[PDB]
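Dock chain B with the ligands against chain A, hints included.
What follows is each chain in one-letter form.
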Amino acid sequence: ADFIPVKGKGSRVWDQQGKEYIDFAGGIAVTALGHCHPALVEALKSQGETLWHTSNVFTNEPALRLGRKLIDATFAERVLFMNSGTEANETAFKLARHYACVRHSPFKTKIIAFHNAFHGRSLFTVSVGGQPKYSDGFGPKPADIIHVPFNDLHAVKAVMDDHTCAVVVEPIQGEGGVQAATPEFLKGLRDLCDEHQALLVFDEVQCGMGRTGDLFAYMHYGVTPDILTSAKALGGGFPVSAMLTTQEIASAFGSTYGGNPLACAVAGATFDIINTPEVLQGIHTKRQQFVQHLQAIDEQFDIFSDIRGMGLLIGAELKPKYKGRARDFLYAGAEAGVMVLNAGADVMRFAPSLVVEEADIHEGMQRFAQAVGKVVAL
Amino acid sequence: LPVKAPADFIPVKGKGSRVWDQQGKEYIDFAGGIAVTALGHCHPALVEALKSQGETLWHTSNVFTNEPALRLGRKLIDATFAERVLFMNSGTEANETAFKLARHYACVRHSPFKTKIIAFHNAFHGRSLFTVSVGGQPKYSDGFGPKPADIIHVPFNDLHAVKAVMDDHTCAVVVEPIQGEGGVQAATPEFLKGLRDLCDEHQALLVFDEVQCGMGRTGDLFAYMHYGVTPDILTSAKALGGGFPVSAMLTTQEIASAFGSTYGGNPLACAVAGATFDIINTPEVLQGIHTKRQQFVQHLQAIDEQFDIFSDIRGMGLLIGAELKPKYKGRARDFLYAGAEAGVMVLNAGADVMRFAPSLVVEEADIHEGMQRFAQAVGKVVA
Ligand SMILES: Cc1ncc(COP(=O)(O)O)c(/C=N/OCC[C@H](N)C(=O)O)c1O
Ligand SMILES: Cc1ncc(COP(=O)(O)O)c(/C=N/OCC[C@H](N)C(=O)O)c1O
Ligand SMILES: O=[N+]([O-])c1cc([N+](=O)[O-])c(O)c([N+](=O)[O-])c1
Ligand code: NA
Ligand code: NA
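Line order of the protein sequences matches chains A and B.
Numbering-wise, the first sequence is residues 24 to 276, 282 to 406 according to the entry's author numbering.
Numbering-wise, the second sequence is residues 18 to 276, 282 to 405 according to the entry's author numbering.
With the rest of the complex left out, here is chain A:
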């Protein structure tokens, strides 16, 4: 990036020179309520005057309240809080392994994961991730992880057995080209996990906390996982994460564990806004506003082969002529004053605030059209 953001309000961001940008990136789907949302600032300041920190020896009122919100709203009966999606995934993957070890057999260790998956950058999580380029070169990887293609239920059936402890999947692969699970695939994972006494682990770090227009993507699909991870949007920009599971599974390790008081106070305020009928409905309204602009851009410039994703996770795949050039459009966008994402070198990605104003959708998309125009003019 060739600029330094210094200030943000809602979906507008200013750099050191006072240039104004429309933010359709959200810090990679993190600032789900935009920058410096008044309710989140209020929660930060109030808890900031009270108590910031407890060790995991203790609980605290913000953690208890956030845990109760998540438990009441989801399949979860137990919640463990951490800082990042990577830590939440470490916890989920360790827990699925440990549960298999103590409830079934120490030899029940296979983890099935998917090509193009992203689960974090720790050694274990990057090894469960499905991009060999990112996991190569750090010495011996944690073993017993098998990768098959996303959306290939037959391949999962083929590799799964009584020695399998988990299937780990992103219901929508965000980094991996914004690819959504098909209904049959996701239901199939649930059935195969039931058959083999393995745990189904949904990584909802990117697609959770309202991103799809349901509180969690699993709710859209109607497929209940055993363990779910959440981060990013959960804290609206404050680092916080959660691992959600049942009492039966968590017992392999009170309804909550961990949680920074400050982080959890902010996440509570974020949860209270995102988990409302009006905000969730609005995510679908706004998706259509974005998609209509992307279609208009494609009609004018002929650059997209597909527009996909769910809610306000949007992917627009570039036509073969522009394969490999997502970064060129990202940089042209920045020049035109709009912040966008890629999802690999072939895919444009958008992950704006879930409450992005219509006026900002229109302005940012006009700027993006200008960017596309400048690139295609060459």
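Bear in mind the hints are in silico, worked out from the structure with no lab data behind them.
Do not take every clue at face value.
What the hints assert, rightly or not - Derived SDA-like pairs: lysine to any residue, alpha-carbon spacing no greater than 25 Å straight-line:
(1) B/164 to A/171
(2) A/402 to A/27
(3) A/156 to B/303
(4) A/30 to B/64
(5) B/164 to A/283
(6) B/164 to A/42
(7) A/164 to B/43
(8) A/156 to B/215
(9) A/180 to A/246
(10) A/68 to B/43
(11) B/180 to B/242
(12) B/156 to A/272
(13) A/164 to B/184
(14) B/68 to A/29
(15) B/30 to A/283
(16) A/156 to B/167
(17) A/164 to B/242
(18) B/68 to A/39
(19) B/164 to A/158
(20) A/42 to B/79
Stated by the list, open to error - Listing some non-contacts, in silico: residues in chain B with all C-beta distances to chain A over 10 Å:
(21) 145
(22) 183
(23) 319
Each residue gets a CB set at the ideal place from its N, CA and C atoms; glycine is no exception.
Then chain B with the ligands, alone, in the frame of chain A:
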């Protein structure tokens, strides 16, 4: 057995080195949330930094830098051997980055086969699968399926053992200059210098985990400065953010080039850490840490004179360990819980060792009051 608070002990408010629970019971905090709140609770400078940056910008992705991250990177670079800084959230993440970097540096500069990591019994480096496997407590790394391989453990402070296992296939030695969880055991000068010399000989990287002993804890900004032994990579967290989760991996340009001068860092986190750094890295605060250590130690000695409970008082700066006599082997949790009943929050470092990690600016009045409360608790335990 872990230490866990019961349902009737939920902290709700902190100010300085005092904490109140839901019932309004007041505690003196000599634990700092396990050496995290190095400037105590709701320190006004940290609150101000939190609030001002909180009105401005909280978050950038790692695609961008931000002014708080740049300022904090510069402060750390100017104050230490570092030329490059990577910011993360937790000590576990910083250690993941450090260990991956040492592995990757060896892979690309020497050989993909140069993978051995040497670490120490009783080490604690975090709870991710890789960090807990580098950690030196098998009980905590057992039971998660196949561990990342090529990690060798030898006894802390045993230089012969390190020499024995190291070779040209070794990429790193990972060490806490003081093992905090492992009984508050400090490296001897010979041992730490020996690690540096062995790493130089074998072209391996010396990695200091200063998550607990760094950011002023020892009375120097980092423990490596006390020892005068410069690592290749250093990790910091806990005190760095004073209660806000933030961490850092510090290294040189030569090493980092295997992966400007700063990468990552949450704007809000880095604003708070900048304010924390500005206070801790002062001659007066650093001197005060030594004064305050001796105030604690004199109290512990007075307790021992009265009750005969300790075989050793150790640590550095305001990381203090007090080892229980054999008569009280395995009683550390009981003294901790008795302390809480008496209104003082303390730590353990294994079942045989009391640990103290108070605010680096803990007021003398709080030292005296909390230690009087601790004496009362001891009296109840040994009656
Ligand atoms: C599905 C999914 N699972 C886990 C993670 C890791 O979460 P994090 O540690 O909170 O960044 C992520 C994080 N994505 O972050 C953006 C890419 C990333 N910035 C990187 O390469 O580190 C994710 O998308
Ligand atoms: C030398 C050393 N290295 C790494 C870490 C991990 O740092 P963290 O991820 O910031 O907690 C620590 C953290 N210790 O904290 C205590 C334990 C904590 N509740 C846990 O079990 O993770 C440490 O002392
Ligand atoms: O080791 N343990 O199984 C264990 C269990 C509980 N508990 O509430 O059921 C504790 O509070 C603690 N504890 O106090 O650390 C330990
Ligand atoms: Na529930
Ligand atoms: Na330097």
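Status of each hint after checking the structure:
At most 25 Å may separate the alpha-carbon atoms for a hinted pair to count; residue 164 of chain B and residue 171 of chain A meet this at roughly 22 Å. For the suggested pair residue 402 of chain A and residue 27 of chain A, the alpha carbons sit about 23 Å apart, so the restraint of at most 25 Å is met. Taking the CA atoms of residue 156 of chain A and residue 303 of chain B, the gap is about 40 Å. The hint is violated against a cut of 25 Å. Taking the CA atoms of residue 30 of chain A and residue 64 of chain B, the gap is near 19 Å; set against the 25 Å cutoff, the hint holds.
Using a Cα cut-off of 25 Å, the hinted pair residue 164 of chain B and residue 283 of chain A is violated, with the two alpha carbons roughly 29 Å apart. Under the criterion of a C-alpha separation no larger than 25 Å, the hint pairing residue 164 of chain B with residue 42 of chain A is inconsistent with the structure, at around 49 Å. About 48 Å separates the Cα atoms of residue 164 of chain A and residue 43 of chain B, which puts this hinted pair outside 25 Å; it is violated. Of the pairs offered as hints, the one joining residue 156 of chain A and residue 215 of chain B is violated, with about 32 Å between alpha carbons and a cut-off of 25 Å exceeded.
Using a Cα cut-off of 25 Å, the hinted pair residue 180 of chain A and residue 246 of chain A holds, with the two alpha carbons roughly 18 Å apart. For the suggested pair residue 68 of chain A and residue 43 of chain B, the alpha carbons sit about 23 Å apart, so the restraint of at most 25 Å is met. Only pairs whose Cα atoms come within 25 Å are accepted, and residue 180 of chain B paired with residue 242 of chain B is accepted, the gap being roughly 24 Å. Straight-line distance between C-alpha atoms of residue 156 of chain B and residue 272 of chain A comes to about 20 Å, which keeps the hinted pair within the 25 Å bound.
Using a Cα cut-off of 25 Å, the hinted pair residue 164 of chain A and residue 184 of chain B holds, with the two alpha carbons roughly 21 Å apart. For the hint pairing residue 68 of chain B with residue 29 of chain A, the CA-to-CA distance comes to about 15 Å; that is within 25 Å, so the pair holds. With a CA separation close to 22 Å, the supplied pair residue 30 of chain B and residue 283 of chain A stays within the 25 Å bound. Under the criterion of a C-alpha separation no larger than 25 Å, the hint pairing residue 156 of chain A with residue 167 of chain B is consistent with the structure, at around 21 Å.
In summary, the hint linking residue 164 of chain A to residue 242 of chain B is not supported, as the alpha carbons are separated by about 34 Å, beyond the 25 Å threshold. For the hint pairing residue 68 of chain B with residue 39 of chain A, the CA-to-CA distance comes to about 20 Å; that is within 25 Å, so the pair holds. Among the hinted pairs, residue 164 of chain B with residue 158 of chain A is consistent with the structure: their alpha-carbon atoms are about 15 Å apart, no more than 25 Å. Annotation: proposed proximity of residue 42 of chain A to residue 79 of chain B holds, straight-line Cα distance about 20 Å (limit 25 Å).
With a least CB separation of 5 Å from chain A, residue 145 of chain B falls inside the 10 Å interface cut-off, contrary to its annotation. Under the 10 Å C-beta cut-off, the non-interface status given to residue 183 of chain B relative to chain A holds; the minimum distance is some 16 Å. Under the 10 Å C-beta cut-off, the non-interface status given to residue 319 of chain B relative to chain A holds; the minimum distance is some 24 Å.
Going down the numbered hints, you'll see the structure goes against 3, 5, 6, 7, 8, 17 and 21, while the others check out.
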